[PDB]
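**Student:** Let the hints inform the model, and build the full structure from the sequences given.
The chain contents come next:
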Amino acid sequence: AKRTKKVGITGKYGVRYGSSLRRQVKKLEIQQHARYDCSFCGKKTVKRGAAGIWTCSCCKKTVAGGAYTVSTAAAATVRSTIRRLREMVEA
Amino acid sequence: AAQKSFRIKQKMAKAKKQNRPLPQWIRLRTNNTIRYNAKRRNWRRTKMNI
Amino acid sequence: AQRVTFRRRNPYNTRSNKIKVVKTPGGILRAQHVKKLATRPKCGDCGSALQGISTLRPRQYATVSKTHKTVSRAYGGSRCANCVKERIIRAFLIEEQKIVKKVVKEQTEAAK
Amino acid sequence: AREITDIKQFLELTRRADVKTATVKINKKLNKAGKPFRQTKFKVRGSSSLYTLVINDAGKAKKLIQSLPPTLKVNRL
Amino acid sequence: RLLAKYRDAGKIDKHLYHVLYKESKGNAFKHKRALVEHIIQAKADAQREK
Amino acid sequence: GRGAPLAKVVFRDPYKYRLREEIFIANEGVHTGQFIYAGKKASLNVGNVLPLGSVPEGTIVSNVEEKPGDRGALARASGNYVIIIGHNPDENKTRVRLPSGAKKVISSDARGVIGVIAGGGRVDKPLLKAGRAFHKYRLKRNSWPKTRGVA
RNA sequence: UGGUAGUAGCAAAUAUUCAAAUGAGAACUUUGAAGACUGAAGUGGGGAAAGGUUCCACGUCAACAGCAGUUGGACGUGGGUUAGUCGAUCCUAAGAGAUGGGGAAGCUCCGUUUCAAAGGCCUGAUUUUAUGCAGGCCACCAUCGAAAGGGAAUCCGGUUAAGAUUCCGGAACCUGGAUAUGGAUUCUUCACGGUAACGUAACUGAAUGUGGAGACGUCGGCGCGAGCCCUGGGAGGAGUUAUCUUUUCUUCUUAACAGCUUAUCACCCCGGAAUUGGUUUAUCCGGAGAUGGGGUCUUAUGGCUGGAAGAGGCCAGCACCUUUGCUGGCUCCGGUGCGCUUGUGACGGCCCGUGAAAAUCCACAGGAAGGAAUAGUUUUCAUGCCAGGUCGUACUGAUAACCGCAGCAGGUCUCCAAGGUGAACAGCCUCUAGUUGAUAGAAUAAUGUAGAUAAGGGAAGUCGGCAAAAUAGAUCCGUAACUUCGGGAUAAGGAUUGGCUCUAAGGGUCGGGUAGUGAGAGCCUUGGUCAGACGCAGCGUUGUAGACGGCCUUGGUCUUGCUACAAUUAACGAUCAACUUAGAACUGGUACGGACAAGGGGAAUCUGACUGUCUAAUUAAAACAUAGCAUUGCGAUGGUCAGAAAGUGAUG
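Chains as they are written, first to last, in PDB author numbering: chain D, 2 to 92; chain n, 2 to 51; chain i, 2 to 113; chain m, 2 to 78; chain T, 104 to 153; chain E, 53 to 203.
Please keep in mind that the hints were generated in silico from the structure rather than gathered at the bench.
Incorrect hints may have been included.
[What the hints assert, rightly or not] Using C-beta positions, here's what the derived DEER-type ranges look like:
hint	chain 1	residue 1	chain 2	residue 2	range
1	m	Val75	i	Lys24	31 to 39 Å
2	i	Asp46	D	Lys45	18 to 26 Å
3	m	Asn32	i	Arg4	37 to 45 Å
4	E	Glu143	D	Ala75	28 to 36 Å
5	T	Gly129	i	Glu97	54 to 62 Å
6	E	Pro197	i	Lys24	35 to 43 Å
7	E	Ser152	D	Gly19	27 to 35 Å
[Stated by the list, open to error] Restricting the straight-line Cα-Cα distance to at most 20 Å, the calculated cross-link-like pairs of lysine to any residue (SDA-like) are:
hint	chain 1	residue 1	chain 2	residue 2
8	E	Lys177	D	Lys3
9	D	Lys3	D	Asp38
10	E	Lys192	E	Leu179
11	T	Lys108	T	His134
12	D	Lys28	E	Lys192
13	D	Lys62	E	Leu179
14	D	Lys27	D	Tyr14
15	i	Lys37	i	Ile20
16	D	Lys13	E	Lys181
17	T	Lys133	T	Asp111
18	E	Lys177	D	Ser81
19	D	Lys62	E	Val98
Yeah, the Cβ is synthetic: ideal placement off N, Cα and C, and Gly gets one too.
**Tutor:** Set out below in C-alpha cells:
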C-alpha cells in the first residue's frame with residue numbers, strides 16, 4: 002500500500018530531528034534520488050552522484066548541474082539571459 | 002626482533018661471548034683480586050637495552 | 002577439522018596476504034598464498050573492457066606473445082571497435098565537410 | 002609438465018642432444034568400466050620441461066621401446 | 104521458470120506469459136498448483152470465447 | 053572538500069605536440085564532449101571563457117580574475133556568479149557586482165567563464181545530524197566541534 | 001641489628017588418585033593406569049611489536065623456582081638459524097630533508113622547485129679515433145619515508161636432538177646476458193583467414209604523443225567456486241557383544257606449473273517489434289534496435305590430462321641379537337545445502353563524506369631507419385646455454401620468554417577454525433590439540449568472603465525497595481493516553497509450548513505413438529581376416545595367450561528420417577531429496593523456553609532534544625558537543641593567526 006502517511010523517505014530518520022527539518026529534507030530527497038530525463042539520448046536515465054554531478058546511466062554523458070536537481074531555477078533562467086544577450090551580437 | 006637488522010645481531014654476538022664465568026686458571030695467578038665475574042648479564046634480570 | 006596457518010611471515014589479513022586452503026598430496030590441509038586478481042584492460046573512451054586481450058598483472062605482459070595483447074585492427078589493443086568505428090566516421094565526414102568549407106568561400110568571397 | 006599426443010614428435014625429441022634421460026612407467030588401469038589393462042608412459046627429460054607420451058595400446062609400446070635410440074639412458078620402472 | 108517452460112512447450116502464448124509473469128511478481132498465486140489451476144481457468148475461458 | 057564539481061578540459065599545446073589538461077570549475081550545464089572556447093573572439097555560450105571587455109552588461113559570469121592572469125580568483129564557490137553592470141572603455145575597466153553585493157571595478161583584460169557555478173543550492177538542505185557535519189569537516193580542516201569560549 | 005614473630009600469612013582460575021622406574025630422599029620427576037579441565041572469540045596451531053639464546057642435548061643441585069626437588073625459561077659445557085622464488089632491497093603516502101638562495105651576532109632558521117647558466121639519453125665520425133667529435137632530439141630537476149600500502153619469480157614429498165616455502169629428491173617459474181639450431185616471412189621485400197565481433201606457435205619498427213594496468217570505500221541480498229561439515233554404496237584396521245545393533249570410530253589424498261576446454265558479463269551478423277514484449281530476490285531494458293537464431297571474447301573459477309603414483313595413507317605376510325627391510329594388496333564410485341567460513345561476478349542502497357600516490361609493465365597512433373631471394377632479415381615463436389650478490393631466518397608472542405622493580409589474577413595487534421542443543425561466534429557437553437601448573441595434610445568452632453533456601457506478613461527496614469527476588473525464548477490473541485503521525489510497544493494484559501502415532505500443504509528429472517525403412521555410427525554374437533600385437537608359462541626352441549580386438553559379417557541385434565492413422569486432449573506416469581508450517585488423536589504423580597539461556601511494568605514531575613564526549617587512580621552528569629537559528633569581519637597591494645627575522649608561514 003502506501004506504508005507511511007506523510008513522511009515518505011524521511012521516515013528512515015524516524016522520530017528524531019523535528020518535523021520541519023524532516024519535511025525540508027524530504028523536499029530535496031524527492032528531487033535528489035529521483036530519475037530525470039537525459040536531454041540528449043531522450044531516456045529517463047539521469048541519476049546523480051557527488052553533489053553537482055548528473056551521470057546518465059546509459060549514454061556515458063555527465064551534466065554538471067544543480068546539487069539536488071538537474072538544473073536549478075536560478076540557473077535555467079541564466080541561459081535564457083544568454084539567449085537574450087547572444088542575439089544582439091549579430092542583430 | 003625475530004626479523005632483525007645486522008647491527009643488533011652483531012651486538013647480540015658480543016653479548017653471547019661475554020656471557021660466561023671466569024676462566025678457572027686466573028684464580029691461581031699472581032696478584033689476583035678478581036674472584037668472580039661482576040658483569041654477568043642474564044636475560045631474566047637485566048635487559049641490555051640493545 | 003584441520004586448522005591452518007600462514008606460510009609467510011606476515012600475520013595480517015591485508016590485500017596481499019590472502020589465503021586459499023588446499024588439500025596437498027600428503028593428505029593435509031595447507032594454506033596457499035594467492036596473488037591479487039588481474040583486471041581486464043579497458044577502453045580509455047567508453048570504459049568497457051575490450052576483448053581479445055589476456056587479463057594479467059602488469060608485469061606478466063612482458064612474458065607473453067604479442068597476439069595475446071592485440072587485436073588486428075587499427076587501434077588494436079588500445080580502443081574498442083565501436084569507438085574506432087566512430088573515429089573513422091567522424092574523421093571521414095568532417096574531412097568531407099571541410100571541403101564544403103573550401104567550396105563556399107571560393108564563391109562568397111568572389112560574389113562580394 | 003607437458004603432454005605429447007604425437008609419436009613422431011616424441012621421436013624428434015629423443016634425438017635433440019639435450020635429452021640425456023628417459024624413463025618408462027607401466028601403470029595398471031581399467032578400461033571403460035570392466036577390465037584391467039596395461040598403460041605405459043614414456044617420459045623424456047628435456048632441460049626445461051619433462052615431456053610425456055601416454056600409450057594405452059601396448060602393441061604400439063613394444064615397437065616404440067625398440068624404436069628408442071640406444072645412446073639414451075632409460076630408467077625402466 | 105515454470106511459466107518459461109510452459110511457454111517453451113507452446114502450452115501458453117506469450118501474451119498470457121506476460122500477464123501471469125507480472126501477476127506472479129505480486130502474490131496472486133499461493134503455489135505451483137494454484138497457478139496451474141489459474142492457467143487452465145483462463146485458457147478454458149479463451150477457448151470458450153474462441 | 054569543494055561544493056562545486058570540477059571539469060577536466062583538455063587543450064592542445066600550441067607550441068609542442070602534446071595535450072595539456074586543465075581543471076576548471078564546471079559551470080552549470082556543461083555536458084561532457086562540449087567544446088569550450090577560451091579566448092577573446094570566443095562566442096558567448098555557457099561554459100566559454102572570455103575577457104570581460106568582450107561581453108555586454110547583464111552577463112552572468114563566474115570564476116572571474118581580479119588582475120588579468122591570476123587564473124580564476126573571484127566567484128568560485130557553488131551557485132555564485134558576478135554580474136557585469138557596466139563598462140568603462142577609457143583605460144579599459146569593467147564594473148561588476150560580486151556575490152556579496154559589493155560592487156567593484158576591475159580591468160577588462162581579466163577573464164571570466166560564462167554561466168553560474170554547478171552545484172547550486174547545496175546549503176538549502178539541512179545537515180540533520182552531527183555525523184554528517186563531521187564527515188563534511190573531515191575533508192576541509194580541523195575546525196569542528198567548536199567549543200564555546202564561555203564554556 | 002632487634003621486640004613484634006616462628007606469628008600476619010603462602011585461600012580467585014571446579015582436581016586429583018594408584019602402581020612401577022631413577023634416587024640418600026619423591027604430595028611435586030618419568031612412564032603407565034584412571035579421573036577431570038580449556039571445549040576451536042581454547043589452557044590449540046603460526047606470527048607482528050618486544051626479548052636475545054630463553055631453542056636443543058649431556059651433566060650437576062650451592063643460590064633462584066616466596067612448600068619441595070633426583071625437575072627447570074636455573075647452574076656448568078657444547079651444539080643449532082642454510083633462500084635467484086619468503087621478507088628486507090626498489091616505489092611513493094602524510095611527512096622529513098639537502099642544493100640554489102634569503103635571514104641570523106651565532107648555535108642555526110626558512111624553503112624544496114623554489115628569482116639558480118642545476119643533465120643525461122639513441123643514431124651517425126671510426127678503421128690517427130681511444131670511442132672523441134659534427135648534429136638531431138628530450139627537461140624532467142636531489143635524497144629519505146610504509147620488514148601490515150604498491151610489487152617479477154615455486155610447489156609437493158622426505159629429513160634433524162634443535163633448521164626449512166631456505167636443506168635433499170623430483171617438478172617448475174622470473175629477471176639479466178649471450179649466442180646458435182629449427183620454424184615463419186620475403187621477386188604481392190616487412191603474414192594470412194574471418195561480412196564482422198576477432199583468430200592463428202611466429203609474423204620489422206626509432207623520436208614524440210595518447211590510452212590501460214598498478215588503482216583501490218562501505219553496507220545489503222542473489223549466483224558460482226573452494227575448503228570444512230553431513231550422508232549413501234564399496235574396500236581395509238580397531239572398540240563393543242549379558243542382550244541388541246547390515247553396529248560406533250577411523251583410512252580412501254593430490255600441490256605449484258603446463259596443454260585443451262568451459263560459466264555470467266561484453267560485443268558482431270541476419271532480422272524487424274503495439275494484439276507491447278524480454279527479464280532479476282531486488283524493474284530495468286528495446287526503432288540510438290528487443291525477444292529469436294547463429295557466432296566472437298575473458299578465464300578467478302570449474303572439468304579432463306600431464307606433474308603423478310614410481311608420492312603419501314590404511315592394511316597383510318616373510319623376517320629380523322641389532323644394523324635394516326623385502327614381498328604384496330587396495331587407495332573406488334557418488335549425493336545434498338537459507339549449512340559454516342572464504343574468494344569473486346553482476347547488481348542495488350548511502351553521502352553539503354563519492355572513498356591514495358609513484359615506481360614498474362603493456363598497448364596503440366606515428367613514421368625515422370634498416371632489410372629482398374642464391375639470400376638478407378627474424379631472439380615481444382619453439383628449443384638450447386650461462387648467472388642471480390648482501391642481510392634477517394632458532395624460540396616464546398604470554399595467569400612463568402614482552403612491559404609493569406618480580407616466575408605480578410593487569411596490559412599488548414592479527415590469521416585458522418570441529419560435532420550436539422540452540423536463532424546464534426550465547427551459555428552448556430564432547431572430538432583433533434594441550435594441560436592437569438597454580439604450598440600441602442587433619443579437623444571442619446566464632447567472625448568473614450562467595451552461592452543458597454525459608455512458615456505467615458510484605459518495605460512496616462532505610463537517606464532512599466540499596467541488595468536480592470519476580471518477569472523473561474517462541475507461537476497466537478490483545479495493546480491506552482500523548483504524538484513531530486515515523487512512534488509510543490517485547491506497552492499493559494491473557495492463552496499455549498513435552499513424548500508418541502499420524503494427517504494435509506509446500507519441489508525436481510525424464511519419458512508425447514502404432515507400420516514400412518536408414519544408421520540401431522552398441523553392434524552383441526557364429527565365422528574369420530592378420531596389428532591379431534603387450535605380457536604370462538616351459539625345456540631361438542616352437543608353446544603360450546591372442547587386448548579376446550582395428551578390419552569383413554546371415555540377423556532375435558530399449559534412439560528414429562519420411563509419410564498413413566488424426567494425433568490430440570485431460571496434462572499425466574515413473575521416480576527422488578530437503579526441511580518448514582498448520583491440525584488431530586493418545587499418553588505422562590498438570591509436567592513440557594523442565595539444565596543453560598533469558599525484559600519487571602505502569603501514572604507523573606524537574607531537566608538536557610536525540611546518537612555522541614570528558615575529569616585515565618573518588619565527579620559520566622542536567623556539563624561539553626550537536627544539527628538548527630542568529631550575529632560580526634573580509635573582494636586578497638585583503639579578514640583571522642604564526643615568526644627572532646626573511647627574497648618567510650597556516651586557512652589556501
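**Student:** Are any of the numbered hints broken by this structure? If so, which, sorted upward?
**Tutor:** 6, 8, 9, 12, 13, 17, 18
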